[PDB]
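To begin, one chain is listed below as structure tokens, in the form deposited without the partner chain.
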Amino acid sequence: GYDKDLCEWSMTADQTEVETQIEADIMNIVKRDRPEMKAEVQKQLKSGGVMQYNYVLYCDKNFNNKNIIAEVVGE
């Protein structure tokens, strides 16, 4: 997804600050769309990191954030 202010914050704020909110944003989508996947997605975020989603979640006009679960659990 894209939002001008969220895009700028995600690219300028402290690394740990953005990383913590990315995880919370993903878990919120998991709770809404695949609530039983909470423990599994949490395990995948810890092993694979979340900062690789810095661009697609806040700066990408061509990424639908609903697809973040499939992105995380896929290879």
Second form
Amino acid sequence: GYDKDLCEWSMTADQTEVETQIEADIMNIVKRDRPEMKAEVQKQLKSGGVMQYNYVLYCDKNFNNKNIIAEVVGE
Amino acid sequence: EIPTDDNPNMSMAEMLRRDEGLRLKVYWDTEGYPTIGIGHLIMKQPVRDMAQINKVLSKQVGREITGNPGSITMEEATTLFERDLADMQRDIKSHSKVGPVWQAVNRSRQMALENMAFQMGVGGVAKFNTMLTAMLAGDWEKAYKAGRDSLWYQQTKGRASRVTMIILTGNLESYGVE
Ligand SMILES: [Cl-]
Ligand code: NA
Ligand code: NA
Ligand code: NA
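The form deposited with the partner chain bound, contrasted with the form deposited without the partner chain above:
Now the complete complex, all chains and molecules, led by this one.
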């Protein structure tokens, strides 16, 4: 998705703050859509990282954020 | 069967902004290495001292980096990316293990290999012996299975899933490219 404020902030703010926000947004989508995947998503955020998802989540209107679950876990 | 895409409508810049994200200030990767831009590794050491990081980044960018965390512009992120992409694309073609595979496969499968090399280096891709052997033989199912039988797949499963799907199918439908 594209959100002007979150795009700019995620590109520039303190890593820890940005990762907290990305993780919260991902976990909200997980809870809404596929709540059974919560722990699996968390494992992959820990092993694979969090920051990389800023662009698809906030800086790209061509990405539908519902697809972030598959983006993280692969299904 | 499943169609291949010999001229996929996606650039590596697009693919890697998606997979690597986009930062205009320093962050640290999962190995603790200072990074910026689109997966631009500033130093291959787990340095946290921003004065040191900024001095190195200043040389790479060409002007004095300020701030903590240090900051670059979008133009500078683009310039760094173009160079990193050029380096990887040259080296993936020449390496004696990965290169012959790259030469033999279609552009979609090349992008899969390039994506891996941007993540782990050309030398990292070269460790996928079984996968690369299978690709050179056209045994896409064996290559797919080998790629998923890896620490890479367990640690970055989402990215490895969509990349291995390219290896299997020869198209970029796993990245939304019809
Ligand atoms: Cl340090
Ligand atoms: Na923006
Ligand atoms: Na460019
Ligand atoms: Na190339």
